[PDB]
Amino acid sequence: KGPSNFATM
Amino acid sequence: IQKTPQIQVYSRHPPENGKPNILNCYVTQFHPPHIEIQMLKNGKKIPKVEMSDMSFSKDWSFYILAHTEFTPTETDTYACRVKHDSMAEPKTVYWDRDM
Amino acid sequence: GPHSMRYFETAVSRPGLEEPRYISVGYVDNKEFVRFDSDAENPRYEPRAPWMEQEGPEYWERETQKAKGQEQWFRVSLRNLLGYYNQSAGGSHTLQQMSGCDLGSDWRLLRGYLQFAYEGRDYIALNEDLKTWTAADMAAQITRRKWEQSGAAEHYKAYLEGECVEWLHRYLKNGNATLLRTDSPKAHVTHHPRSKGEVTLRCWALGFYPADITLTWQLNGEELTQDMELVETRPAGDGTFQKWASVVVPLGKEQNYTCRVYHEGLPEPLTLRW
Numbered sequence: 033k034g035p036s037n038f039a040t041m
Numbered sequence: 021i022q023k024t025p026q027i028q029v030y031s032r033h034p035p036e037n038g039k040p041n042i043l044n045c046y047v048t049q050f051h052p053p054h055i056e057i058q059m060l061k062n063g064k065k066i067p068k069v070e071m072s073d074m075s076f077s078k079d080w081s082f083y084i085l086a087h088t089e090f091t092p093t094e095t096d097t098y099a100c101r102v103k104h105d106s107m108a109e110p111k112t113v114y115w116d117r118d119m
Numbered sequence: 025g026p027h028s029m030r031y032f033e034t035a036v037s038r039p040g041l042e043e044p045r046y047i048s049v050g051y052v053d054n055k056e057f058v059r060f061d062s063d064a065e066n067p068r069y070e071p072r073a074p075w076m077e078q079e080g081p082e083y084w085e086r087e088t089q090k091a092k093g094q095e096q097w098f099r100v101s102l103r104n105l106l107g108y109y110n111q112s113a114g115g116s117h118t119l120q121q122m123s124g125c126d127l128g129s130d131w132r133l134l135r136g137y138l139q140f141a142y143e144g145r146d147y148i149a150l151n152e153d154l155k156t157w158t159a160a161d162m163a164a165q166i167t168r169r170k171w172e173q174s175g176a177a178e179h180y181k182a183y184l185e186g187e188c189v190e191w192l193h194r195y196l197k198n199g200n201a202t203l204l205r206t207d208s209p210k211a212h213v214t215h216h217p218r219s220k221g222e223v224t225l226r227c228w229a230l231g232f233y234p235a236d237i238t239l240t241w242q243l244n245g246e247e248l249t250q251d252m253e254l255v256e257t258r259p260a261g262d263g264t265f266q267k268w269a270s271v272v273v274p275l276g277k278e279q280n281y282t283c284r285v286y287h288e289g290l291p292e293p294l295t296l297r298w
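Quick mapping for you: the protein sequence lines, in order, are chains B, E and G. Just so you know, we're using the UniProt record's numbering here: the first sequence kicks off at 33 and counts up by one. Just so you know, we're using the UniProt record's numbering here: the second sequence kicks off at 21 and counts up by one. Just so you know, we're using the UniProt record's numbering here: the third sequence kicks off at 25 and counts up by one.
So that you can see chain B by itself, here it is in the shape it has in the complex:
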């Protein structure tokens, strides 16, 4: 299962 990212770039 992959990341679910946080603050955008």
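Certain hints may be false.
What the hints assert, rightly or not - Subject to a maximum C-alpha distance of 35 Å in a straight line, what follows is the list of computed DSBU-like cross-link-like pairs (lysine-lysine): (1) E/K103 - E/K68; (2) E/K23 - G/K90; (3) E/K78 - G/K170; (4) G/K210 - E/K39; (5) E/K103 - G/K92; (6) G/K92 - E/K68; (7) G/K181 - E/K23; (8) E/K39 - G/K55.
As the list claims (entries may be wrong) - A short, non-exhaustive set of chain E residues, derived as facing chain G with CB atoms under 8 Å: (9) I21; (10) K23; (11) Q26; (12) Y30; (13) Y46; (14) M74; (15) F76; (16) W80.
Simulated from the structure, these hints should not be mistaken for laboratory data. Heads up, the beta-carbon is just placed ideally off N, CA and C, and yes, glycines get one too.
Could you slot chains E and G onto chain B? The hints should help.
Frame of chain B; chains E and G shown alone:
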């Protein structure tokens, strides 16, 4: 910035004239990922060439395996022709059964 | 027996197309097992190994939703990056991400990974401490400060040490003889004529997995960096790999030449000759 495709053209199994086999065109180390790869038999585009799905390596560069059924003979020349933004014109590389 | 998992994700924008294409590929021990692609008619995570079919419908639905989340994330970050580099409209742009975990043979976390590239180049990466960030570019510093301010690292760190490790364990169980295996290389040397009184010796390694392998030639002990020829390791296309190394040899002083093949799947390294 553009990275130019490295190209290898080779068979799956050791070639034997008259024996069915598979011909790979392995294109690596390129960027951006957009790319056109043709396989040619005696200079004519081969119809139904399979293309692997977009992948990239840990150095961030993309790579693709094109492949197709073929039967080597004495006389038929096989080649892979790659068009990519990094190159002015298409690059052709010819199948060498010893490599 | 060490293991790993990675997700490799890409968003790509092109001059004309209206919104980016997003692709994500998951690997277990360097083998693709899942994949998602926004170009698909009905975009969903799909199994890419037989042993993943085990997973039930909720697994797929929930991963699918997380993918749609990632797609939106990449879309916004692409738009932000365009501004950070003062790029105009009219080009193509790429954002990539590598994430995942390595475990030792005891199955405990050896190391987490979280790395991004823009236009194919290192943009920002989470350090091994899973606490601090590396970002080289002047433009990239805006992101680093933004993510330091928001405590982004603690959250990725939780993902890496927790969910990443926990789900890899589950996968490793669900596919036990499909990952536990390597194929040893079958090696042979071929002979090719050359310039007067010289022949090329080509040592072939065939049918091996995983791809990492080393080929060497010795004139009785002495290895050869001296214009030894090789090819990059390549897929057979059946899931094994190929590689050869060749050298030029005085026709009839040829027997003085031995090849060696180093590969994990080997009881010990091979020695080969004409």
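Each hint, compared with the structure:
A hinted pair counts as satisfied when its Cα atoms are at most 35 Å apart, and E/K103 with E/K68 qualifies at roughly 18 Å. Simply put, E/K23 and G/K90 have alpha-carbon atoms about 31 Å apart, close enough for the 35 Å limit, and the pair holds. Proximity of E/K78 to G/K170 is assessed by CA-CA distance (about 26 Å); at most 35 Å being required, the pair is judged to hold. A distance of roughly 21 Å separates the Cα atoms of G/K210 and E/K39; the hinted pair therefore holds under the 35 Å criterion.
Between E/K103 and G/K92 the alpha-carbon distance is near 32 Å, which keeps this suggested pair within the 35 Å criterion. Proposed proximity of G/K92 and E/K68 is supported: the alpha carbons are some 33 Å apart, at most 35 Å. With a C-alpha separation of about 33 Å, the suggested pairing of G/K181 with E/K23 holds against the 35 Å cut-off. Our distance criterion of 35 Å between C-alpha atoms is met by E/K39 and G/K55, whose separation comes to about 30 Å.
The closest approach between the C-beta of E/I21 and any C-beta of chain G is roughly 7 Å, which is under the 8 Å cut-off, so the hint is satisfied. Because the smallest distance between the Cβ of E/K23 and any Cβ of chain G comes to about 7 Å, under 8 Å, the interface hint for this residue holds. This hint holds: E/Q26 has a C-beta 7 Å from the nearest C-beta of chain G, less than the 8 Å allowed. Annotation: interface hint on E/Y30 holds; nearest CB of chain G at approximately 7 Å, less than 8 Å.
At a threshold of 8 Å, the smallest CB-CB gap from E/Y46 to chain G is about 5 Å, leaving the interface hint in force. Interface restraint check: E/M74 against chain G, minimum CB-CB distance 6 Å, threshold 8 Å, status holds. Checking E/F76 against chain G by beta carbon gives a least distance of about 6 Å; that is within 8 Å, so the hint holds. Because the closest C-beta pair between E/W80 and chain G is about 5 Å apart, less than 8 Å, the hint holds.
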